[PDB]
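Residue-level listing of the chains:
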Amino acid sequence: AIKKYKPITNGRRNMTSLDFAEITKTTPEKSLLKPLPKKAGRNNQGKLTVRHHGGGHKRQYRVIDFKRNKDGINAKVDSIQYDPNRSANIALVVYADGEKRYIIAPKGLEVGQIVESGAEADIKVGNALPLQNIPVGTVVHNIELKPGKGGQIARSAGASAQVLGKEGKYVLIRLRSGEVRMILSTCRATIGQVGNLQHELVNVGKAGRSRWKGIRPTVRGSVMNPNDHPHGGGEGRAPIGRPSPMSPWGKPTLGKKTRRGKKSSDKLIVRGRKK
Amino acid sequence: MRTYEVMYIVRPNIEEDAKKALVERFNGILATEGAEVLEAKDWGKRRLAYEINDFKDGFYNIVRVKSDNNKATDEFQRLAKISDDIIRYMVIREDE
Amino acid sequence: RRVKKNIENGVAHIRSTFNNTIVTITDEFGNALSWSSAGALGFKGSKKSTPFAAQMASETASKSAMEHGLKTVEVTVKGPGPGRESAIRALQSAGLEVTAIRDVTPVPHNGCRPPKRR
Amino acid sequence: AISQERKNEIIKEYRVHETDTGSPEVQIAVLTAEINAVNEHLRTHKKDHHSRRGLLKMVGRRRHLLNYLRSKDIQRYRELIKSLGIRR
Amino acid sequence: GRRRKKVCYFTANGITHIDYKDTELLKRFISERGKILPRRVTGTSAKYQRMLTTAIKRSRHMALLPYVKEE
RNA sequence: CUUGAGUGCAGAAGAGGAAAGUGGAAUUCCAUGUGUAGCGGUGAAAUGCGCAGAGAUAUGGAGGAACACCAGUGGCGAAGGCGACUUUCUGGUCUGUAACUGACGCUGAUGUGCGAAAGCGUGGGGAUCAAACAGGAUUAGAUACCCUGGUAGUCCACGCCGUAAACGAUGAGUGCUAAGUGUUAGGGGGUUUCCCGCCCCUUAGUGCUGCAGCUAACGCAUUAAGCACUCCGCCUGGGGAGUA
Ligand SMILES: [Mg+2]
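Residue numbers (PDB author numbering), protein chains in the order written: chain D, 1 to 275; chain f, 1 to 96; chain k, 10 to 127; chain o, 2 to 89; chain r, 9 to 79.
Bear in mind the hints are in silico, worked out from the structure with no lab data behind them.
Check the hints yourself; a few may be wrong.
Derived Cβ-Cβ restraints for the label pairs, each shown as a range [said to hold, decoys possible]:
| # | chain 1 | residue 1 | chain 2 | residue 2 | range |
| --- | --- | --- | --- | --- | --- |
| 1 | o | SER84 | D | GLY118 | 55 to 63 angstroms |
| 2 | D | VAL202 | r | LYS77 | 56 to 64 angstroms |
| 3 | k | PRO123 | f | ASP42 | 40 to 48 angstroms |
| 4 | D | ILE269 | r | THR31 | 50 to 58 angstroms |
Dumping the calculated DMTMM-like pairs for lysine to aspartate or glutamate here, alpha-carbon to alpha-carbon at most 25 angstroms [to be verified]:
| # | chain 1 | residue 1 | chain 2 | residue 2 |
| --- | --- | --- | --- | --- |
| 5 | D | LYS166 | f | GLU51 |
| 6 | r | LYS13 | r | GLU79 |
| 7 | r | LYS77 | k | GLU37 |
| 8 | D | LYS124 | f | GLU75 |
Some residues of chain f that are not near chain r, with every Cβ distance over 12 angstroms (derived) [stated by the list, open to error]:
| # | residue |
| --- | --- |
| 9 | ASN13 |
| 10 | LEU22 |
| 11 | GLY28 |
| 12 | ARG46 |
| 13 | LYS66 |
| 14 | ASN70 |
| 15 | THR73 |
| 16 | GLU75 |
| 17 | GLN77 |
| 18 | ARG78 |
| 19 | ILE82 |
| 20 | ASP84 |
| 21 | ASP85 |
| 22 | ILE92 |
| 23 | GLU94 |
Every residue, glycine too, gets a C-beta built ideally from N, C-alpha and C.
Take the sequences, apply the hints, and build the full model.
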């Protein structure tokens, strides 16, 4: 849930933020962590390529087993924890063998609940298993597109895909973004929506709270002078003179398609709804 | 403690072996939790008045449990709609 | 084949609105061969609503239906309208060999709101 | 809900004598159990009409029988509020 | 009181029935097209309408009996 | 002290409520097969869809919403309201019973809460139906009826408003006073081999015709607008005005 903050001064009025009710401990496991410098959106060289990043706060890398590679072996769940670099809160997992690995949190997970990674691991929340075996009409998170990589799909906050049906090879799926794709029959995935659902009702509230993350400002285009951006210049304020609202680098934004139609999966793509 | 009947329905296209391990498994999942498989039977083969996945025709199965209300359908509904062999199903109490 | 599906029993399907009636003759499957429209035959509007349209349309598709060639044919019936009874009669006059008529006036169980008007 | 088993049990300890079933002591106890059950159902299902109507009939009558046992006696009154731990 | 057909058809049914295990009360109480015979036709009493209704409805999802038979 | 009220014990019924689950038809959108020149609409037309092969026809897919018969002056609930089915939880009612407590009751200001549809916020969904809007037509004109489309919205969840011809335009409660006649859940008894069939009676709500009586009249008539008691609310000519 989200707790409104009573206005006491100007910079809190519309503020809002989370309650943190799905947490059991605060300090993580030292071992799985791994360090992380930052880059602020720029290359091996040093030049700025992506705009407005950097300025933020320090953090680390909590490792994940997106593969859910080891199969069959039942597990339990003895703790939750928090993860800055993703919206989705995260769980720790005492395997049967004493190992310890972190996993994105499905909504409605109970500490002490047990969760598996195998073919014969019958359906519940959390359990990891392929797509061919799953029934139709189910919601699933963290699909891999390819065998053995580590999933790339529905891995963020909230709900997740729908299985509409399957051939033998390949297998359909509808996403959120509502768009369709044929997926292999043997890619490893799991079931249940993702955890945090109200990550988006956060009224960030105040300017700093973008810097705390951090990100940093972005300046419009109709303000600058005409070298640095096409819209710029102009006495007083600046209607966009030309049609086809442009990027700073030419190359419009507004309606233009940039999917490159030679890509191999374009046959796998059917019924493009969101883009 | 209350008296449930239940019907479950399976395709004909399966092999008779799968019917055997299915049924015995299944009376299992009604039995396992403490709630009593009492009186199992088989109304068996019959034709439907209309097709339900695509089959004109199919199998029926009748069993009975008296139980608390916490052990049998809670499991069977979960293991009903996911299974591609149990087609339809319906459970009641003792009324007619 | 394929345009010339020759059999001795296909299907007829019939429409009859208040203001228009269409007929067609197809297969048991079916796959479609013929049709006729009261408007196609020169009539307009107020004269689509005539019982005689059932007859001249019935013939007018029945000809090409038995050009392919056909003895018997089933008759589906929709369309609360004048001609759902007449086209049967004038279709017998063609000399064909109906065995059964199925009146299926497609009724729902309140799937959607009908138009309020009037 | 409640079921006759529970009910027919608890009266045996609070019944003022053997054959009795009235003796409003009984009634405020039984109603107490009922309202607690319905109250937790009612927290499960925040929104209804049947319940809160039903409660407020029960609670309303509970207060009355209590106001009766405040004057037919005084000792039973105090004895039962501190026995059941209800009505501060 | 009452101008319908005979009072007391029920002499061969009761108290609780069917629920699906008896065709021999089943087609009597309905049409050949699929729809139901009202209480005007059969001469039964009122609650038995209010039972056999749900009886056949439970028979329909178990596909023992059609929602429609016009073909 | 038991006759009012409530508790029992054995029973009857029900679209009474909240949450989850399941299924068929139908509308629609798309895809495919079939095949040509109209479809659709009106009082008469036009606008639109269509040779990019529509509509019609068949198959299968998705997707939201509503649930044919049943349904009846039938039922339930305090009202608003509630009609596909099944499970979980769960409220009250009626009868019979009579042991059981022995007047605990009625009404109810101020307060507290539920409350059609429209409406509003935040978030999801979007099949129909359809304000606003556009076009067509009628028309002296028509920003109206008619026609073709068509967004919000209808839908779900958490919240908020807080009204209506919310009507039977009849406050709640108790008690007494002609019948007849159907209906709904029950109960007692006689006849019947067995009533399950027939009949007689008795409770509770439910409808119609009707006297005594009332009413200005129409009309109400054991479900009173009769005979009375208690308690509450309300009216004092109409507009001004449910305005300031
Ligand atoms: Mg009476």
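Structure-based check of all given hints:
1. o:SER84 x D:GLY118: 55 to 63 angstroms: Because 56 angstroms falls inside the window, the suggested range holds.
2. D:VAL202 x r:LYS77: 56 to 64 angstroms: Given a distance of about 58 angstroms, which is inside 56 to 64 angstroms, the answer is holds.
3. k:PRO123 x f:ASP42: 40 to 48 angstroms: Holds, since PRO123 (chain k) and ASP42 (chain f) (Cβ atoms, about 46 angstroms apart) stay within the stated range.
4. D:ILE269 x r:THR31: 50 to 58 angstroms: 53 angstroms, holds
5. D:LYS166 x f:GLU51: It holds: about 21 angstroms lies between the C-alpha atoms, which stays within 25 angstroms.
6. r:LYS13 x r:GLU79: 30 angstroms, violated
7. r:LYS77 x k:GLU37: 19 angstroms, holds
8. D:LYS124 x f:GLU75: Distance of about 12 angstroms is within 25 angstroms: holds.
9. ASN13: Fine: 17 angstroms to the nearest Cβ keeps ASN13 (chain f) off the interface.
10. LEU22: Correct as stated: the minimum Cβ-Cβ distance to chain r is 19 angstroms, above 12 angstroms.
11. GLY28: Per Cβ check, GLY28 (chain f) is outside 12 angstroms of chain r; nearest 23 angstroms; holds.
12. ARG46: 8 angstroms, violated
13. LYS66: 17 angstroms, holds
14. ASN70: Label holds. Min Cβ-Cβ 23 angstroms, cutoff 12 angstroms.
15. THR73: 16 angstroms, holds
16. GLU75: Holds, because the least Cβ-Cβ distance between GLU75 (chain f) and chain r comes to about 20 angstroms, which exceeds 12 angstroms.
17. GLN77: 14 angstroms, holds
18. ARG78: 19 angstroms, holds
19. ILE82: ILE82 (chain f) clear of chain r: closest Cβ-Cβ about 19 angstroms, beyond 12 angstroms.
20. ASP84: The assertion about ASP84 (chain f) holds, with a minimum of 18 angstroms to chain r.
21. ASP85: At roughly 16 angstroms from the nearest Cβ of chain r, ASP85 (chain f) sits farther out than 12 angstroms, so the non-interface label holds.
22. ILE92: 7 angstroms, violated
23. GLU94: Its Cβ does come within 12 angstroms of chain r, the nearest being 9 angstroms, so this is violated.
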